[PDB]
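Below are the chains, spelled out letter by letter.
There are 2 protein chains.
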Amino acid sequence: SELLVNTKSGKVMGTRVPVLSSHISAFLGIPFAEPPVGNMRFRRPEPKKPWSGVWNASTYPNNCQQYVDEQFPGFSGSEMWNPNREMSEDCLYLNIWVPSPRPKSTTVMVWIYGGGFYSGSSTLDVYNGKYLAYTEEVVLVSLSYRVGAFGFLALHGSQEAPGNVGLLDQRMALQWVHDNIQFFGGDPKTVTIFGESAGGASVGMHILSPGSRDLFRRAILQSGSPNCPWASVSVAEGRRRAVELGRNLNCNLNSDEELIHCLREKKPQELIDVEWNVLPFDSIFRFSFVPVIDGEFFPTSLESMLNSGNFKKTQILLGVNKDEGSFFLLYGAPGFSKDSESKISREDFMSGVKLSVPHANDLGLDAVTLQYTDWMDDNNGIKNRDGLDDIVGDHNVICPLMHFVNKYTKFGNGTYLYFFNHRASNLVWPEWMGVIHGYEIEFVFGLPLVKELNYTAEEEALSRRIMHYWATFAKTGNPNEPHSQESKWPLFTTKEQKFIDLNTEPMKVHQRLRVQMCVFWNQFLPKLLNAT
Amino acid sequence: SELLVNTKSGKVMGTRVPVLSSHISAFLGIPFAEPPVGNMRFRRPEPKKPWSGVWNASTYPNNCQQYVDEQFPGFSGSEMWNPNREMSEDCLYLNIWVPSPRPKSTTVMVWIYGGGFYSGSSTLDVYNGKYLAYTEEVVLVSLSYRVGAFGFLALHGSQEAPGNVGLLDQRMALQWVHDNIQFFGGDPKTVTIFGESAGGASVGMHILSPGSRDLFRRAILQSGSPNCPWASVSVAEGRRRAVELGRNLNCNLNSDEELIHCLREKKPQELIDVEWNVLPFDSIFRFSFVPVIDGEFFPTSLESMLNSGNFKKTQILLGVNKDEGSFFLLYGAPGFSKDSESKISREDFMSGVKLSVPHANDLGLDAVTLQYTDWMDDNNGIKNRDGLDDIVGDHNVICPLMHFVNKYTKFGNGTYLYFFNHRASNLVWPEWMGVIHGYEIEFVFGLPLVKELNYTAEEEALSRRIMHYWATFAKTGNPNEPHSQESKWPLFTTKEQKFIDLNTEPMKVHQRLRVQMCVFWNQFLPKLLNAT
Ligand SMILES: *[C@@H]1O[C@H](CO)[C@@H](O[C@@H]2O[C@H](CO)[C@@H](O[C@@H]3O[C@H](CO)[C@@H](O)[C@H](O[C@H]4O[C@H](CO)[C@@H](O)[C@H](O)[C@@H]4O[C@H]4O[C@H](CO)[C@@H](O)[C@H](O)[C@@H]4O)[C@@H]3O)[C@H](O)[C@H]2NC(C)=O)[C@H](O)[C@H]1NC(C)=O
Ligand SMILES: *[C@@H]1O[C@H](CO)[C@@H](O[C@@H]2O[C@H](CO)[C@@H](O[C@@H]3O[C@H](CO)[C@@H](O)[C@H](O[C@H]4O[C@H](CO)[C@@H](O)[C@H](O)[C@@H]4O[C@H]4O[C@H](CO)[C@@H](O)[C@H](O)[C@@H]4O)[C@@H]3O)[C@H](O)[C@H]2NC(C)=O)[C@H](O)[C@H]1NC(C)=O
Ligand SMILES: *[C@@H]1O[C@H](CO[C@@H]2O[C@@H](C)[C@@H](O)[C@@H](O)[C@@H]2O)[C@@H](O)[C@H](O)[C@H]1NC(C)=O
Ligand SMILES: *[C@@H]1O[C@H](CO[C@@H]2O[C@@H](C)[C@@H](O)[C@@H](O)[C@@H]2O)[C@@H](O)[C@H](O)[C@H]1NC(C)=O
Ligand SMILES: CN(C)c1ccc2nc3ccc(N(C)C)cc3[s+]c2c1
Ligand SMILES: CN(C)c1ccc2nc3ccc(N(C)C)cc3[s+]c2c1
Ligand SMILES: *[C@@H]1O[C@H](CO)[C@@H](O)[C@H](O)[C@H]1NC(C)=O
Ligand SMILES: *[C@@H]1O[C@H](CO)[C@@H](O)[C@H](O)[C@H]1NC(C)=O
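Same order as they appear, the protein sequences are chains A and B.
The C-terminal position of the first sequence is numbered 555 in the numbering used here, with every residue numbered one higher than the one before it.
The C-terminal position of the second sequence is numbered 555 in the numbering used here, with every residue numbered one higher than the one before it.
Please note that the accuracy of each hint is not assured.
[What the hints assert, rightly or not] With a cut-off of at most 30 Å between alpha-carbon atoms, the simulated DSS-like pairs for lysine-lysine come out as follows:
| id | chain 1 | residue 1 | chain 2 | residue 2 |
| --- | --- | --- | --- | --- |
| 1 | B | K406 | A | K345 |
| 2 | A | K531 | A | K474 |
| 3 | B | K406 | A | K521 |
| 4 | A | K406 | B | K345 |
| 5 | A | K377 | B | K550 |
| 6 | B | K406 | A | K518 |
| 7 | B | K518 | A | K366 |
| 8 | B | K430 | B | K521 |
| 9 | B | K71 | B | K290 |
| 10 | B | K433 | B | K345 |
| 11 | B | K406 | A | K430 |
| 12 | A | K550 | B | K406 |
| 13 | A | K361 | A | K377 |
| 14 | B | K521 | A | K366 |
| 15 | A | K406 | B | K433 |
| 16 | B | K212 | B | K511 |
| 17 | A | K531 | B | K406 |
| 18 | A | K406 | B | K518 |
| 19 | B | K531 | A | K406 |
| 20 | A | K433 | A | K345 |
| 21 | B | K406 | A | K406 |
| 22 | A | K406 | B | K550 |
| 23 | A | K433 | B | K406 |
| 24 | A | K433 | A | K212 |
| 25 | A | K521 | B | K366 |
| 26 | B | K127 | B | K34 |
| 27 | B | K518 | A | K377 |
| 28 | B | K521 | A | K406 |
| 29 | A | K518 | B | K366 |
| 30 | A | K366 | A | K406 |
| 31 | A | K212 | A | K31 |
| 32 | B | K212 | B | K71 |
| 33 | A | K550 | B | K550 |
| 34 | B | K430 | A | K406 |
| 35 | A | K550 | B | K377 |
| 36 | B | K377 | A | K518 |
[Claimed, not checked] Here are some of the chain B residues that sit facing chain A, going by a computed Cβ distance under 8 Å:
| id | residue |
| --- | --- |
| 37 | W398 |
| 38 | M399 |
| 39 | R535 |
| 40 | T555 |
The hints are simulated quantities; they were obtained by calculation from the structure and are not laboratory data.
Beta carbons: idealized from backbone N, C-alpha and C, even for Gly.
Produce the complete structure using the sequences and hints provided.
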């Protein structure tokens, strides 16, 4: 039977699922680790103990414990990112979508979800890998990993809560794929990791981390890169926050053993209820428990690794969206609302700048303000609104990724860069939010192919282009098909720095994605803050 | 006889001069002070001792001792600014152009020449006041004043070389006008001072200085304002340079008396030969001996006076040219030449920035560079060239004048602002130099009316518009004639900040002349350098 597969861990039984009036195999909720429960909370994951008999892999697994957004109850734009399954600490599972008939040795793609390291699920509608598996004839894997304190509490020097264990979850899932995907028709030699937001940052972190480098061939990073300021913290910072969490729960702080014991006795929701209280600044686009720069997962600082060329050298494909900042301004910045144009006053602009750049001294704030203010028309609410959007997106996503790109490309074996700037015809969010952080994903997973979802024909076409790029790149290291009459997506070179717009218009090629602003964020401002 | 005039100092005999095939009276080389010679070098000027008999005022007076530009021997563009008469320490004279027949009580305009406080002459072709006197029916006066060490050596606390004596020359000439111009048909109640470059800065300095305020009604400032960074120095800086001059001439430095005695024994040319050696920085658009902020001529710092409203409250008319920087880059900055396009490399750009902003620390240089570099195309020589031009003009002229304007306008009785951006059809300088510092003057003095000088008809018309503006403003406080079908040159208000282009195209009105760049120069950069 096509739905029965013997892996080194035991037999698994999947399910036949429909897709675009055809069918493929699906194996949902396969365990790649022991459940990290009780005295294993905060610890590194252990490999799943093999099982006899058949694992029922016909339903999605539980989602990991996490914050649940209830800002807009019942609003699809908001709810589409929340857990659709029940939450559990027992959550280290992966899902596999296999074509039918089963292939022998084909290209593998492994999805790492986003959610700012505090949230995320392998099981969301928007990450249903059947469309991609079916259309591009690839084995699509989506892994899971612990988020929040559960995955990233970091008391360095201790083995009970070392930090980064969420990233170790990810790696173990990749180990399992390396070891077992051949039984699903996957080719372990040709595995591509891809992710968005924290998943994109995670992808870049597996490129950097020596322990992870050998378990994949290529990488795709979507609106995330390992050097993003929200994506990691020093071990001293991990320590401060870990203790501050403990302090918020009236824990005994006299030692690491006593603090961890206290944090382990708690019900998960008691940790989630105060998670956000530990941030050291009044900020946006910052999350409480993120990867620590521990000297283990990362031999040295991210920046020195990028300079030295200390990272996996292969092909990468990556890019960003037109309006990466808007989501975070809506939630955290005064002046912004879901149901208004959100024209921003003088006062709310200054507030939003402080919030966007929490380490910036008075002078740093003047510098940002000077960069993003139209002085001809400096009290226009639309320009103020759009300026903050750009500030947040440039600082947190675009300019960090552009630094990564310029650094990686000096040593890598091929880079392809995109700017996704199509606003979906069916987008539930207001127009001022633009091309939103996260909303390229639905195109990458083929949702525009499903006709009851209400996308345009031009949008179906765009999704097909994108899926084919992604797949063809996973397979060959180049998103272009050798013959196509369609114009070539050019390589990104240090010298010419070419990228493409991804939208419904015929492909236009550009150069130097946001150089001026990114010179400010990457070179000038840091140096400004260092001199003060 | 129309050419004989009794003044409180004695009778003077002028000359009938031709002008646009008509004639008017001219009184050239009238003394307003004692010759500041011998033991009076560096001292405040004394009033001219009255004389019996007739003063022959039929020829131009000597020019004051000064540096002579010989960068381009015989080049009219260069030579037009050098002394056309013999140089002498005996140089405190003024010239008067009177209409014919003599008026009874008409509007007076008093020209204060530029030259960076190190040079200048009342007697240059380009400042021939006959065209203006004749066309607008005004009494036109041009004064003179000591430049260089001779006029601005500043050993504060001593009375032999107090500093600012050049400005006292200017004031005494204005005293003389106040006292005696009625005899020439001038109205002392309606005297307008106007000047360019250091003359414009001088005009603004007489607005600020209590001792000068009562001697004029209105003011025009052309490409100069009192707060320009090149226009003044602290008393400690005046002292350092004075001593450094002395040191360059092997003078005894044991005291002020001994140093001054040494400097007084020298032939003037020995002081001029080393004048430039005393600048404390490798710089451009900086001059050795300029007005000191002495607490006497200026009761307090320029900035606090502007804030408090401590200045004469009246009408002002002022503005700047499109390309104020080019002249100085040609002379001082590597890469720039008279006979090339002067496309500027990476290296020469960085050099020019250092030269343009001599007090700027490393970070200050990055900040300027970030502001003026097109990062899309950052190795284009034309953009590099044009960027430096803008840097120099914005920093030294436009942005200082815009600060003055915004500050003055809060307390003043009417401001009118212009941007002169017409390049003369007959300009001898190369095209890359643009609309050059100083080249609006010929329009203000009516040279486009003289047909053998080779200006266009459109240029004659522009000169007539400008002369009429200048005169009509001198007369009424408003450059607009009440009835004219021609569009009104609007008032500059704090709120709307309107100005006009001055060129051959039909008048267009604009707002906020270079806000963005001037926010950088006036607010951000200073604050940056203060925090470091
Ligand atoms: C593709 O396009 C189509 C057509 O353009 C989209 O159709 C939209 O879908 C909505 C429903 O999703 C539909 O409008 C509904 O009509 C029903 C009957 O006429 C209404 O009963 C219903 O209202 C309920 O939901 C609202 C909350 O969202 C409430 O405001 C309202 O009070 C109703 O809520 C009730 O719910 C509880 C529990 O069931 C009940 O006990 C109470 O009575 C309570 O009041 C909807 O208005 C329209 O046809 C379309 N509307 C819009 C705005 O587009 C289709 O959805 C698209 N496909 C996709 C996938 O998006
Ligand atoms: C208005 O427009 C008109 C017409 O368009 C302008 O006319 C220009 O004027 C110049 C002269 O100014 C004239 O060209 C001259 O022609 C003479 C005879 O043909 C030449 O002898 C003369 O050359 C001398 O000057 C040059 C230096 O500038 C030298 O390169 C050259 O070697 C000559 O120099 C000599 O000088 C010494 C001393 O006298 C002598 O002993 C030596 O022999 C020595 O060699 C000129 O070329 C042209 O008609 C026009 N040229 C240009 C470039 O425009 C008119 O000038 C305009 N009016 C105004 C006010 O600008
Ligand atoms: C495999 O499981 C299918 C659905 O499983 C459902 O969820 C799991 C967690 C259990 O609670 C189960 O009882 C639920 O039905 C079944 O429909 C299917 O019959 C199962 N097949 C086999 C061979 O075990
Ligand atoms: C007035 O002066 C005219 C020109 O003066 C000339 O320059 C002065 C400095 C003397 O050097 C003089 O000798 C020169 O001629 C004379 O042409 C004119 O005749 C003089 N007129 C009177 C009435 O004195
Ligand atoms: C409860 N608190 C303090 C916070 C603070 C910041 C936040 N930022 C977000 C950013 C994006 C997002 N998406 C669903 C895209 C959801 C959230 S939820 C959220 C909740
Ligand atoms: C001899 N040295 C050291 C210098 C230094 C700087 C200078 N700057 C100028 C600027 C403008 C100008 N004009 C005639 C407009 C002439 C000069 S001359 C000059 C001479
Ligand atoms: C990638 O590597 C191969 C050989 O290792 C080389 O020949 C090829 O040109 C490289 N391509 C790029 C874009 O670096
Ligand atoms: C100038 O002052 C007069 C009275 O002193 C006043 O009425 C007039 O409106 C003022 N104009 C401006 C532009 O300030």
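Straight-line alpha-carbon gap B/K430 to B/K521, limit 30 Å: Holds: B/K430 and B/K521 sit about 15 Å apart, inside 30 Å.
30 Å limit on alpha-carbon distance, applied to hinted pair A/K361 and A/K377: 21 Å, holds
Given pair status - B/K511, B/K212, alpha carbons within 30 Å: 26 Å, holds
Restraint check for B/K406 with A/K521, where alpha carbons must lie at most 30 Å apart: With a Cα-Cα distance of about 22 Å, the restraint between B/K406 and A/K521 holds, given a limit of 30 Å.
Interface hint for B/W398, Cβ within 8 Å of any Cβ on chain A: Given a least distance of 4 Å, the restraint on B/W398 holds.
Minimum beta-carbon distance criterion (8 Å), B/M399 to chain A: Holds - the Cβ of B/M399 comes within 8 Å of chain A, reaching about 6 Å at its closest.
Hint consistency between A/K521 and B/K366 [alpha-carbon to alpha-carbon, up to 30 Å]: Holds - the C-alpha atoms of B/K366 and A/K521 are around 26 Å apart, at most 30 Å.
Hint consistency between B/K518 and A/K377 [alpha-carbon to alpha-carbon, up to 30 Å]: The hint holds at about 28 Å.
A/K212 paired with A/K31 [C-alpha distance capped at 30 Å]: Distance of about 18 Å is within 30 Å: holds.
B/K518 paired with A/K366 [C-alpha distance capped at 30 Å]: Satisfied, since the Cα-Cα distance of roughly 22 Å is no more than 30 Å.
Distance restraint between B/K406 and A/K345, which requires alpha-carbon spacing of 30 Å or less: 28 Å, holds
Pair hint B/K406 and A/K518, alpha-carbon separation not exceeding 30 Å: With a Cα-Cα distance of about 20 Å, the restraint between B/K406 and A/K518 holds, given a limit of 30 Å.
Hint check: no violations occur; every hint is consistent with the structure.
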